[PDB]
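Could you put the whole structure together from the sequences, leaning on the hints where they help?
4 protein chains.
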Amino acid sequence: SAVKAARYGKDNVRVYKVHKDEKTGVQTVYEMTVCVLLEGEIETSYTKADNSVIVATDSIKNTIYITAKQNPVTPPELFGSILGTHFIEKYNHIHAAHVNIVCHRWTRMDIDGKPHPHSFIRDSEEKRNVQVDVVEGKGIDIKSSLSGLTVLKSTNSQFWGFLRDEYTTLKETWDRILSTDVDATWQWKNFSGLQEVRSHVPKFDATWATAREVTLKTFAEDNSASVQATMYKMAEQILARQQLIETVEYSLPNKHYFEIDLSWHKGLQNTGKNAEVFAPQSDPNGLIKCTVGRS
Amino acid sequence: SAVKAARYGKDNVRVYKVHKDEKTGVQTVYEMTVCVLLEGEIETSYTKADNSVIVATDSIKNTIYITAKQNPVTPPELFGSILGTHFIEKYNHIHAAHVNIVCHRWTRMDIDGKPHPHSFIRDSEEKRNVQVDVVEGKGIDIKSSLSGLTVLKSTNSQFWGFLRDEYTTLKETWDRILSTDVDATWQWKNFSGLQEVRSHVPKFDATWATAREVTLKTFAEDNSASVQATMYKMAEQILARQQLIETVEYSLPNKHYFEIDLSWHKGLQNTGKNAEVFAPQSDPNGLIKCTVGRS
Amino acid sequence: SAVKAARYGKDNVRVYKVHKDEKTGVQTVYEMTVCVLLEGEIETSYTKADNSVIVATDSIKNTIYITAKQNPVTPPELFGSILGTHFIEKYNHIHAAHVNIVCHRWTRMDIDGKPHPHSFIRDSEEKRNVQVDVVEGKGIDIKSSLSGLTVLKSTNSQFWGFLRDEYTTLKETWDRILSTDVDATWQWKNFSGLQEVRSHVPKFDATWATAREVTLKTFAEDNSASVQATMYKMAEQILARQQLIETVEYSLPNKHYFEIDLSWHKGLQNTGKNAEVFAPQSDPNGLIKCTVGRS
Amino acid sequence: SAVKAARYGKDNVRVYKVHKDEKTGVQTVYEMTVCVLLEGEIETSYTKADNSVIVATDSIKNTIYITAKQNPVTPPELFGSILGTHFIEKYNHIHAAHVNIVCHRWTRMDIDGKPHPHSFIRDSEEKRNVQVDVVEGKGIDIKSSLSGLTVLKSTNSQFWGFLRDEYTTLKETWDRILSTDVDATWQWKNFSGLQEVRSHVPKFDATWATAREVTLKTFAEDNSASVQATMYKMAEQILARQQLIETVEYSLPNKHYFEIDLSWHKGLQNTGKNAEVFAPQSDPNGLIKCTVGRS
Ligand SMILES: CN1C(=O)N[C@@]2(OO)C(=O)NC(=O)N=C12
Ligand SMILES: CN1C(=O)N[C@@]2(OO)C(=O)NC(=O)N=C12
Ligand SMILES: CN1C(=O)N[C@@]2(OO)C(=O)NC(=O)N=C12
Ligand SMILES: CN1C(=O)N[C@@]2(OO)C(=O)NC(=O)N=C12
Numbered sequence: 001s002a003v004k005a006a007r008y009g010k011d012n013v014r015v016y017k018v019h020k021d022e023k024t025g026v027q028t029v030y031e032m033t034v035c036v037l038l039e040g041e042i043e044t045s046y047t048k049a050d051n052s053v054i055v056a057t058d059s060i061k062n063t064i065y066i067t068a069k070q071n072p073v074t075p076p077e078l079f080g081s082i083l084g085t086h087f088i089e090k091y092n093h094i095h096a097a098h099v100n101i102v103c104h105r106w107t108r109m110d111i112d113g114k115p116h117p118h119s120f121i122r123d124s125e126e127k128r129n130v131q132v133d134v135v136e137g138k139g140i141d142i143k144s145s146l147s148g149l150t151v152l153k154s155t156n157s158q159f160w161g162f163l164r165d166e167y168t169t170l171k172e173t174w175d176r177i178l179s180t181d182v183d184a185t186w187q188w189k190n191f192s193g194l195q196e197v198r199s200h201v202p203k204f205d206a207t208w209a210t211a212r213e214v215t216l217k218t219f220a221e222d223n224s225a226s227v228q229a230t231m232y233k234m235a236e237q238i239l240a241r242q243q244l245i246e247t248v249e250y251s252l253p254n255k256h257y258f259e260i261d262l263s264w265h266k267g268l269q270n271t272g273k274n275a276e277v278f279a280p281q282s283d284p285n286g287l288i289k290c291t292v293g294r295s
Numbered sequence: 001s002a003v004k005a006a007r008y009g010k011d012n013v014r015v016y017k018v019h020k021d022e023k024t025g026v027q028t029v030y031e032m033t034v035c036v037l038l039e040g041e042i043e044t045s046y047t048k049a050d051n052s053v054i055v056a057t058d059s060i061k062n063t064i065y066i067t068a069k070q071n072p073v074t075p076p077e078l079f080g081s082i083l084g085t086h087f088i089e090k091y092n093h094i095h096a097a098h099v100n101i102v103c104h105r106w107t108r109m110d111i112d113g114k115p116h117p118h119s120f121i122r123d124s125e126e127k128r129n130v131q132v133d134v135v136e137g138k139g140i141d142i143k144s145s146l147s148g149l150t151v152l153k154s155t156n157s158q159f160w161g162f163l164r165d166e167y168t169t170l171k172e173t174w175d176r177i178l179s180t181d182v183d184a185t186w187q188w189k190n191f192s193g194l195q196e197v198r199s200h201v202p203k204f205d206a207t208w209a210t211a212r213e214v215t216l217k218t219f220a221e222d223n224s225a226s227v228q229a230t231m232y233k234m235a236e237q238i239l240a241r242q243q244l245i246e247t248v249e250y251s252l253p254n255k256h257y258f259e260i261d262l263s264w265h266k267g268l269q270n271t272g273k274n275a276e277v278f279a280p281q282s283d284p285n286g287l288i289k290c291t292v293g294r295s
Numbered sequence: 001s002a003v004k005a006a007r008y009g010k011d012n013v014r015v016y017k018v019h020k021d022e023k024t025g026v027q028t029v030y031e032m033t034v035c036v037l038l039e040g041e042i043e044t045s046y047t048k049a050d051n052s053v054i055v056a057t058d059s060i061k062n063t064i065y066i067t068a069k070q071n072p073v074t075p076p077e078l079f080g081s082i083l084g085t086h087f088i089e090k091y092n093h094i095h096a097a098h099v100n101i102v103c104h105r106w107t108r109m110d111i112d113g114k115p116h117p118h119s120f121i122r123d124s125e126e127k128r129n130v131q132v133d134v135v136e137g138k139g140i141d142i143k144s145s146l147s148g149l150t151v152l153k154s155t156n157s158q159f160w161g162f163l164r165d166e167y168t169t170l171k172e173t174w175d176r177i178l179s180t181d182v183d184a185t186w187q188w189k190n191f192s193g194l195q196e197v198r199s200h201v202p203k204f205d206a207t208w209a210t211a212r213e214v215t216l217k218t219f220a221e222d223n224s225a226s227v228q229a230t231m232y233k234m235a236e237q238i239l240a241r242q243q244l245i246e247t248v249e250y251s252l253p254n255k256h257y258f259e260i261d262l263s264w265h266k267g268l269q270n271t272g273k274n275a276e277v278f279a280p281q282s283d284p285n286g287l288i289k290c291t292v293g294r295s
Numbered sequence: 001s002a003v004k005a006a007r008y009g010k011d012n013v014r015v016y017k018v019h020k021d022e023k024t025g026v027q028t029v030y031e032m033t034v035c036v037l038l039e040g041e042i043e044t045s046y047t048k049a050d051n052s053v054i055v056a057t058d059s060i061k062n063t064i065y066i067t068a069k070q071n072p073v074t075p076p077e078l079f080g081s082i083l084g085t086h087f088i089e090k091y092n093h094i095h096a097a098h099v100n101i102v103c104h105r106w107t108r109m110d111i112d113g114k115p116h117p118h119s120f121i122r123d124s125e126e127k128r129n130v131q132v133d134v135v136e137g138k139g140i141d142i143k144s145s146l147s148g149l150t151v152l153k154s155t156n157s158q159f160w161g162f163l164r165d166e167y168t169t170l171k172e173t174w175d176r177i178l179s180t181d182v183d184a185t186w187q188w189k190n191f192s193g194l195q196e197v198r199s200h201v202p203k204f205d206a207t208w209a210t211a212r213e214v215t216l217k218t219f220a221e222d223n224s225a226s227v228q229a230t231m232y233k234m235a236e237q238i239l240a241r242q243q244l245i246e247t248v249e250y251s252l253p254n255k256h257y258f259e260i261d262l263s264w265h266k267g268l269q270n271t272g273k274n275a276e277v278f279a280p281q282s283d284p285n286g287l288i289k290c291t292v293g294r295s
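Chains as they are written, first to last, in PDB author numbering: chain S, 1 to 295; chain U, 1 to 295; chain G, 1 to 295; chain X, 1 to 295.
Hints are not guaranteed to be accurate.
Unchecked claim - Cross-link-like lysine-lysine pairs, in silico, PhoX-like; alpha carbons within 20 Å at most:
#1 S:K189 to S:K138
#2 U:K23 to U:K171
#3 S:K266 to U:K69
#4 X:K217 to G:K114
#5 U:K48 to G:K289
#6 U:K69 to U:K143
#7 U:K171 to U:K48
#8 X:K4 to S:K233
In case anyone wonders, no lab produced these hints; they're calculated from the structure.
In C-alpha cells form, the structure reads like this:
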C-alpha cells in the first residue's frame with residue numbers, strides 16, 4: 001500500500017467580521033464559512049502514526065480567525081489568497097492550501113429611505129463563493145462563483161424539435177415556465193502569487209456584479225430555445241466583459257412545473273392557452289451543465 | 001378505547017398560479033404550499049374499517065387545485081377561508097377544516113430600472129403564512145404570520161442587570177451583536193363566515209406589510225435592553241395600528257455571536273472595544289416568546 | 001397592551017454523557033438535545049426593561065450540564081422531571097418549566113458476535129423524545145414519544161370503499177404499498193411530583209419498548225383497510241398494556257408510491273398484477289392523525 | 001467562445017422495485033435515487049439552438065424506469081453499467097454516460113424472531129452508492145461507496161505529538177472521544193464492457209460487505225493515534241482483500257466533543273479523568289482525506 005493523495009484541514013469555520021467607520025459611525029458586517037485543506041509531506045501521519053508533521057486542524061481554525069483579524073476579508077478572492085499563502089510559506093513541508101469560502105448575505109436595512117448605519121437583513125440565501133488553490137511553485141488558481149440564485153419566468157421559454165424515438169413521451173411546447181437555481185463559476189488566469197492577486201483586487205467585486213447582472217438580464221430577456229441555448233449566451237457575454245477569465249461553468253437544474261388537466265371536473269379548461277394552475281415538481285429535475293472557454 | 005380527537009388530510013400540496021393582464025401583457029405569479037386537515041363524523045374509519053366516511057386525501061388535493069383555478073389565491077386569508085368553507089359546506093359530516101398556507105416569494109425582476117413583465121426572483125426564504133380554522137357553527141379563525149425574516153444588528157444591543165447566582169457565568173454587556181429569525185403571528189377577530197372575511201380583504205395585505213415594517217424599524221432603531229423588551233415594542237405597535245387584531249405572538253431565537261480572545265497570540269486585542277472577529281454559534285440558542293393582547 | 005403569555009429559555013442544547021462500569025470496563029453513552037422554556041412572574045422583562053427577573057438562558061444552559069453531571073440522564077422522563085423541578089423550586093418567581101428532550105441513538109457495536117465495550121453506531125435517525133411540563137401546584141405532565149421510525153410494506157395494504165363524488169379520481173385498490181414515518185406519543189397520568197415519577201422509573205423504558213414493538217408488529221401483520229384502521233389498532237393495544245397511560249396520539253404520513261404505466265413502450269405491462277417499478281412521490285403526502293383514550 | 005465541456009441529463013430520479021418469489025411468497029424491495037448525465041456531439045444545442053441532438057431529460061427518465069423493469073437493479077454496479085451502456089449504444093452521437101445511484105436501506109423486519117415476508121424498516125440513513133462512467137472506446141469505470149455511516153467510540157482514541165507553534169492552543173490528549181461519518185470509496189479496475197462487469201457480479205456485494213466490516217472492526221479495535229493512522233489501516237485491509245480494487249478513498253469528519261469545565265460551580269470535577277458530561281460541537285469540524293493505492 002502507498003498514499004496516492006492526502007489532504008486534511010478544518011471545514012465549516014463560521015467567521016463574522018465588523019468594520020467601524022469612525023467618521024460616519026457606519027458599520028459594515030461580513031459573514032462567511034471557511035474550509036482550509038492542506039497537502040504536503042504528511043504521508044507519515046497516515047502510515048507511521050507520525051503526528052509531528054500535522055499542523056492541527058484546531059491550529060488551522062485559530063489561523064483563520066487571526067488572519068481575518070489582521071487582514072481585509074473582502075474581496076473573498078484576496079482573503080483566500082492571503083490565507084492559503086500563509087500555510088505554504090509558514091510551513092516548509094506544506095506544499096498546497098485549498099481554501100473554500102462561502103459568503104453569506106447581510107444587506108444593509110433601508111429605514112424610511114435611509115440606509116441604516118448598523119442594521120442588516122439576510123435578504124437572500126444566494127451565496128458568493130471562492131475556491132482558492134495555492135500550490136507551491138505553480139501560483140494561485142481562483143474560481144469565483146455565485147450559487148443559490150433562484151429565478152422563474154412564466155413565459156418566453158420553449159422546448160421543441162428535440163429527438164423523438166420509442167423512449168419519448170414529452171410533447172413539444174412553444175410556451176412553458178422556466179425555473180432554475182443558478183450556479184455559475186468563472187475561473188481566473190493563474191496568478192503568480194499574492195502581489196499579482198492584489199494588483200487586480202477591484203476586478204473581483206466588479207466581475208461578480210457583471211456575472212450576476214448578465215445572468216439575470218439574459219434569463220429575463222432571452223426567448224429561450226432551451227436551457228442549453230440560454231446558459232451559453234450568459235457565458236459568452238461574461239467572457240466578452242473580462243479578459244482575465246479563462247472559463248465560465250454554469251450548472252442549471254430544470255425545475256419542472258407541470259400542467260394539471262382538470263377537464264374531468266365539469267370540463268374545466270386548465271391546459272395549453274388556458275393553463276393557470278400548475279403543479280411544481282420537487283423531483284426529478286433536469287440538470288444542464290456547460291463550460292465555455294475562448295478560441 | 002374511544003377516539004378523543006381525529007383529523008386527516010393532504011399536506012405539502014405545492015401550487016403555482018399565474019395571472020395574465022391582457023391589456024399590459026404583465027404576468028404575476030403566486031406559489032404556495034397547502035395543507036388541509038378535516039375533522040368530523042369520521043371515527044368509524046378508525047374503529048370499524050368504514051372508508052365510506054373518508055373524503056380521500058387524493059380528492060382533497062384535487063379540490064385544492066380546482067379551488068385555486070376558480071378563485072383568487074390572494075390574499076391567502078381569503079383563499080384559505082374559501083377552501084375551508086368548501087369542505088364544511090360540501091360534506092354534511094365534515095365539521096371543521098384546518099387550512100395552512102405557506103406563501104413563497106416570487107419578486108418581479110428589475111432589468112435596467114424597468115420591472116420585467118414575466119421574470120421573477122426568489123429574493124428571500126422569508127415566508128408569509130396563514131392558518132385558517134373553519135369550524136361549523138363557530139365561524140372562521142385566521143392567524144396570519146411572517147417567518148424566516150433573518151436580521152442582524154452590530155451594536156445598540158445590551159444585556160445587563162439580569163439575575164446572578166451560583167449558576168451564572170455570563171458577563172453583563174453594554175454592546176453586543178443581536179441576530180434573530182423573526183416569527184410573528186397576528187390573530188384576527190373571529191369572522192362569522194365568508195362574507196365577513198371578504199368585507200375585510202384589503203386589510204390582510206395592509207396588515208402584513210405593517211407588521212413587517214414595524215418589525216424591521218423597531219429592530220433597527222431600538223437601543224435594545226433585551227430581546228424581551230424589543231419584541232414587546234413591536235407587538236404593541238402592531239396592535240395599535242389594526243383594531244381587528246386580538247393578539248400578536250413573537251418567537252425569536254437569540255443567535256449568539258461570541259467574542260474570540262486572541263491575546264494568547266502576540267497580545268492581539270479582539271475583545272470588548274477591540275472586538276472585530278466573532279464566532280457565530282450554531283447552537284445552542286436562546287428562544288424568547290411573547291403573546292401580547294389588549295386590556 | 002398586556003402580556004397574555006410568555007415563555008423563554010435555551011433551545012438546541014446538545015448533551016453527551018458517558019457511564020464507565022469499573023468492574024467490566026464497559027462504557028455506555030447517552031446523547032440528547034435539550035430545550036428548557038420557563039414561565040412565571042417575568043412580564044416586566046418585556047414591559048419595563050426589567051432584566052432582574054430573567055434567569056439568563058446562558059445560566060439555563062449551565063444548569064442543564066450541571067444537572068446531567070449530578071443525576072442519571074436515563075430514563076429521559078426522569079431527567080426531564082429533575083431538570084424541570086429544579087427551576088420551579090430554585091426560583092420563587094418561576095412557576096412552570098417546559099423541558100423537551102430528543103434522545104439520539106448510539107447503539108453498541110457487535111464485533112465478531114461480541115458487544116464492544118466502548119464503540120457505538122448511529123444505527124437509525126429514529127428518536128425517542130419526552131415533553132415534561134412541570135407546573136407549580138399542578139404536578140408533572142409527561143408525554144413520551146418515538147418519531148422518525150420509517151417503515152414500508154409491499155402488499156397487504158388496501159384502500160377501497162371511500163367516498164366517490166365529482167372531486168374523486170382515485171381508483172379503489174385491493175393491493176398497494178404502504179410507507180410511513182411513525183410519530184407516536186403516549187401521555188402519562190399526571191404525577192404529583194418527583195417522588196411519584198421516581199416510583200415508576202422502570203415503566204418508562206418498558207412502555208417505550210412496548211409501544212415500538214406493538215407499532216412494528218401491528219404494521220407488519222395488519223392486512224390494512226386504511227392508515228386510520230391500522231393506527232387505531234396500534235393505539236388500542238398500547239393502552240391495554242399500560243394502565244398509567246391516559247392517551248396515545250399517532251401522526252402518520254401516507255408516503256405514496258405511484259404505479260408507472262409503461263404500455264406506451266412495446267406494450268410493457270407494469271400496472272396492477274404486473275406492477276414491479278414504482279415512482280415514490282416526495283410530495284404531496286396524506287397525513288392521518290388519531291388520539292385514542294379510555295371509556 | 002467555444003464549449004470546452006458539456007453534460008446534461010436527469011437528476012433525482014426516485015426508483016422503487018419489488019421482487020416477488022412465487023414459491024415462498026417472500027417479497028424483496030429496492031429503492032434508489034438515480035442521476036444520468038450524457039456527453040457527446042451536443043455542442044450545437046448550446047451554440048445554435050439545435051434541439052435535434054438532445055435526448056430529452058424526460059426521455060432519460062423514462063429510460064431509467066424501462067431499464068429497471070427489464071433488468072435486475074442489484075448489484076447497483078451492474079444496473080448502472082447496463083443503464084450507461086444503453087445510452088452510448090442506442091445513440092450514435094452520445095459518447096459517455098455518467099450514472100450515479102444512491103441505494104436507500106429497506107431492511108426486512110424481524111417479528112418474534114421470524115423475518116417478515118413483505119415488511120421493511122429504514123434501519124439507517126447510511127447509503128450504498130455507485131458512480132458508473134461508461135465512455136465509448138475506454139470501457140466502464142466503477143466507483144463503489146458507502147456513506148453516512150456514523151460511529152462513535154468513547155475511549156481508545158489519542159492525539160498527541162502534533163506540531164506546536166505560536167498558532168497552537170490545542171492540549172495533547174491520551175484519551176478522547178472519536179466520532180465520524182464514514183465516506184469510503186473503492187475504485188475498480190477498468191472493465192472493457194458489460195460482459196466483464198457481469199463476469200464479476202458476485203464481487204460487488206461481497207466487497208461492499210468487506211469494506212463495511214473492515215471499517216467497523218478497525219474503528220472499534222484500533223487504539224487510535226489519529227484519524228489519519230486509523231483510516232489508513234482500514235484502506236490497507238480492504239486493498240489486501242480484493243485484487244480487482246485499484247484505490248480506496250476515505251473522507252472522515254472529526255466531530256469534536258468538548259470537555260466542560262464545571263469547577264466554577266461548587267468545585268465540580270468534570271475534566272480529564274473525571275470528564276462525564278461533554279458538549280458535542282456542531283461546527284467547525286476536522287476533515288481528514290486519504291487515497292490509498294498499491295505499489
Ligand atoms: C423539458 N426538458 C427535457 O426533457 N430536457 C431538458 O432538460 O430538462 C433539456 O434538455 N432542455 C430543456 O430546456 N428542457 C428540457
Ligand atoms: C444573553 N442572553 C441570555 O443568556 N438570555 C437571553 O436569551 O438568549 C435573554 O433572556 N435576553 C437576551 O436578550 N439575551 C439573552
Ligand atoms: C390513498 N389515500 C387517500 O387518498 N386518502 C388516504 O390518505 O392518504 C386515507 O384517508 N387513507 C388511506 O389509507 N389511504 C389514503
Ligand atoms: C484534534 N484534531 C486536530 O486539531 N486535528 C485533527 O483533525 O481534527 C487531526 O489532524 N487528527 C486528529 O485525529 N485529531 C485532530
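Inset, instruction - Compare the distance between the alpha carbons of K48 of chain U and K289 of chain G with 20 Å, and conclude whether the hinted pair is satisfied. - result: holds, 16 Å
Legend entry - Hint consistency between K266 of chain S and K69 of chain U [alpha-carbon to alpha-carbon, up to 20 Å]: The given pair, whose Cα atoms are some 12 Å apart, holds under the 20 Å limit.
Inset, instruction - Below or equal to 20 Å on CA atoms is what counts here, so check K69 of chain U against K143 of chain U. - result: violated, 24 Å
Inset, instruction - With a cut-off of 20 Å on the C-alpha distance, tell me whether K189 of chain S and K138 of chain S pass. - result: holds, 12 Å
Legend entry - Pair hint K217 of chain X and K114 of chain G, alpha-carbon separation not exceeding 20 Å: Roughly 11 Å separates the two Cα atoms, so the pair holds.
Inset, instruction - Take a quick look at whether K23 of chain U and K171 of chain U sit within 20 Å of each other, Cα to Cα. - result: violated, 63 Å
Inset, instruction - Sort out whether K233 of chain S lies within 20 Å of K4 of chain X, counting only the CA atoms. - result: holds, 15 Å
Inset, instruction - Quickly compare the C-alpha distance for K171 of chain U and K48 of chain U to 20 Å and report which way the hint goes. - result: Violated. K171 of chain U to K48 of chain U sits at ~62 Å, over the 20 Å cutoff.
Checked against the numbered hints listed earlier, the structure breaks hints 2, 6 and 7; every other hint is satisfied.
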